[PDB]
Amino acid sequence: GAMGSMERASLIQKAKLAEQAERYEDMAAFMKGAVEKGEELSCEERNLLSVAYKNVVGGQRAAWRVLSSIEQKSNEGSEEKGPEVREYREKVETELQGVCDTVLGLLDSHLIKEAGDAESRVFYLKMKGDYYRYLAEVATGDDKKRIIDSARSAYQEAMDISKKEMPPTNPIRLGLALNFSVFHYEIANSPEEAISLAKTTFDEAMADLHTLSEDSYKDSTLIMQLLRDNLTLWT
Amino acid sequence: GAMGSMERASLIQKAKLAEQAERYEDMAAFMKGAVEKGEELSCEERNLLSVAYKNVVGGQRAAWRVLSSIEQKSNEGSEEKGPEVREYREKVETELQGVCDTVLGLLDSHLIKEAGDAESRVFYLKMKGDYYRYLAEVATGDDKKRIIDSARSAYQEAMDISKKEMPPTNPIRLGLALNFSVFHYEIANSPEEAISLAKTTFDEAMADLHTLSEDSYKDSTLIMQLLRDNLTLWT
Amino acid sequence: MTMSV
Amino acid sequence: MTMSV
Ligand SMILES: C=CC(C)(C)OC[C@H]1O[C@H](O[C@@H]2C3=C([C@H](C)COC(C)=O)C[C@H](O)[C@]3(C)/C=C3/[C@@H](COC)CC[C@H]3[C@@H](C)[C@H]2O)[C@H](O)[C@@H](OC(C)=O)[C@@H]1O
Ligand SMILES: C=CC(C)(C)OC[C@H]1O[C@H](O[C@@H]2C3=C([C@H](C)COC(C)=O)C[C@H](O)[C@]3(C)/C=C3/[C@@H](COC)CC[C@H]3[C@@H](C)[C@H]2O)[C@H](O)[C@@H](OC(C)=O)[C@@H]1O
Ligand SMILES: [Cl-]
Ligand SMILES: [Cl-]
Ligand SMILES: [Mg+2]
Ligand SMILES: [Mg+2]
Ligand SMILES: [Mg+2]
Ligand SMILES: [Mg+2]
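Chains as they are written, first to last, in PDB author numbering: chain A, -4 to 71, 73 to 231; chain A', -4 to 71, 73 to 231; chain B, 381 to 385; chain B', 381 to 385. A prime marks a further copy of an entry chain.
Keep in mind that the hints were calculated from the coordinates and are not lab data.
Each residue gets a CB set at the ideal place from its N, CA and C atoms; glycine is no exception.
Mixed in with the good hints there might be a few duds.
[Claimed, not checked] Below, a list of computed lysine-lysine pairs in the BS3-like style, where the Cα atoms sit at most 25 Å apart:
(1) A':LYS214 x A':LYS11
(2) A':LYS32 x A':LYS160
(3) A':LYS159 x A':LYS214
(4) A:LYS68 x A':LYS11
(5) A:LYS49 x A':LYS87
(6) A:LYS141 x A:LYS11
(7) A:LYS77 x A':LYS11
(8) A:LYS141 x A:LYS32
(9) A':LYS32 x A':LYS49
(10) A:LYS68 x A:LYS11
(11) A:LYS109 x A:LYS49
(12) A':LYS68 x A:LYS11
(13) A':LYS87 x A':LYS140
(14) A':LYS49 x A':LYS87
(15) A:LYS195 x A:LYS214
(16) A:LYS11 x A:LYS32
(17) A':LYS195 x A':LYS159
(18) A:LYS159 x A:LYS214
(19) A:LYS32 x A':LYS87
(20) A':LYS87 x A:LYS11
(21) A':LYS49 x A':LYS11
(22) A:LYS87 x A:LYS49
(23) A:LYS87 x A':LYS32
(24) A:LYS140 x A:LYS49
(25) A:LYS195 x A:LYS159
(26) A':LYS77 x A:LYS11
(27) A':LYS159 x A':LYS140
(28) A:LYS87 x A':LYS11
(29) A':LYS109 x A':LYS68
(30) A:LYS11 x A:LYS77
(31) A':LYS68 x A':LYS140
(32) A':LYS32 x A:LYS77
(33) A:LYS87 x A':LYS49
(34) A:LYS32 x A':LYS32
(35) A':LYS109 x A':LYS49
[Stated by the list, open to error] If you anchor each label on the Cβ, the simulated ranges turn out as follows:
(36) A':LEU205 x A:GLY94: 47 to 53 Å
(37) A:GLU34 x A':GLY73: 31 to 37 Å
(38) A':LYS141 x A:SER74: 54 to 60 Å
(39) A:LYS109 x A':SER0: 42 to 48 Å
(40) A:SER192 x A':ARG224: 53 to 59 Å
Assemble the whole structure, with the sequences as input and the hints as a guide.
This is the structure we're talking about:
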């Protein structure tokens, strides 16, 4: 890889610089280089990895949605404009799929296998579910049902671990549950499952806030608010 | 080029799709392909070209400024963190310079030479001034003074044309003057020139609004507000 | 807007 | 913020 000649510490340092400069494509490249050094990531390093690709793929998804909406309208009294909209949507889609494939490959080589602590293992399985979910969002062929099940299977293993090993207010446990509920609602055609999961997740975290130190769980509160937002939109 | 096999009309169509999806790097690639077909750009096509590279280089500049600020602080009681900040700032800087070189090459081959109508000629000379200005913003070696003068020379020729051929409320004439005043203030160490130019530009456009149709000059009003904003900040 | 994290 | 266009 192009990052093979750079020191691991320098990759991590430059990923944090790229984060400050909102250069997320660079940030993702540096963290991919860091993973490929073969050592496990620390808690802070896992966050750099996930934030980088979340933002890269986030922009691709938003652009794919714009184009796919234009494409849908073109297939409704709509004038034939030729192949250009489909071509450009496919271009963006193929690039999106390539980023998802890259992330999934990294998790498979060798983040998931080497993760023993529950936090890291749930973290990486959540990521695996997310990037299979993004592949599902654009899937339309024979593989859609298989891609959906790959996301479910990853999310479910993460869920089983998080309930056995983590407290209900753990931010990774909460964020896994948020995204699995989003999976149920938007991908798996299971809005009732999505709603039940978001509600029990929110309720069980509320009941456990009393154990927590002030100012130590700002991320958990943010996620609980996202659960509450989704429930308000869904009910 | 990679766009050589695509029809000119399809490039223009896909540039407008990329604009709607805020994929400005793609937008710039499509419009570069369109220019390289060898035909002149229409008024609408010139706007697609300038908006695309304005946004690409705009992000690079913002990121360069973040990194250069971190670098400056590192050279103030500051701990030696090694070469990584300079390396990453140089990486972003070199990429920025490559985009500016690409734009300047397109203007030189062959947009400026083939432009006869005043609007297009002033438009392309403004662009030439802008991208030499962006090279000046990061220049620190022997070439800085030469790069500054290349921007001045381009802006000045545009200015001479716009005053002879265009009305004071023409949006291209106004935007040229705005950016030349920014050049004076931020690049050429000439704040008094910047202020005088912004004031006479604003005043002469105000006196000519009476000739204009309602709702036909929203872009001119926006630029006049930007002139007013700069003057408020500068005085 | 459905939110994820 | 100095503005350009
Ligand atoms: C990119 C790294 C930076 C910006 C340095 O840190 C990102 C964030 O990293 C941590 O927060 C994580 C985290 C998020 C928090 C919810 C953000 O919290 C606040 C108050 O801003 C969003 C990020 O994307 C990140 C890393 C993602 C995950 C998500 C990843 O799944 C694979 C699961 C849930 C969430 C967990 C890991 C959060 O703990 C921290 O606990 C946050 O600090 C505070 C005050 O809460 C910090 O903003
Ligand atoms: C990318 C193309 C799109 C979004 C379709 O159009 C961009 C814009 O293109 C035109 O506006 C131009 C234009 C700008 C206007 C000031 C924006 O006006 C409003 C009210 O939004 C900003 C753009 O960057 C653009 C193309 C740039 C130039 C600038 C280029 O120098 C080489 C010189 C001044 C300015 C001129 C060319 C403006 O005429 C139009 O007159 C604008 O329409 C209105 C209602 O004013 C439209 O928003
Ligand atoms: Cl395409
Ligand atoms: Cl670098
Ligand atoms: Mg080493
Ligand atoms: Mg496809
Ligand atoms: Mg042809
Ligand atoms: Mg340099």
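| query | Can you name, in rising order, the numbers of the hints this structure does not satisfy? | reply | When the structure is compared with the hints, numbers 2, 6, 8, 10, 27, 29, 30 and 34 turn out to be violated.
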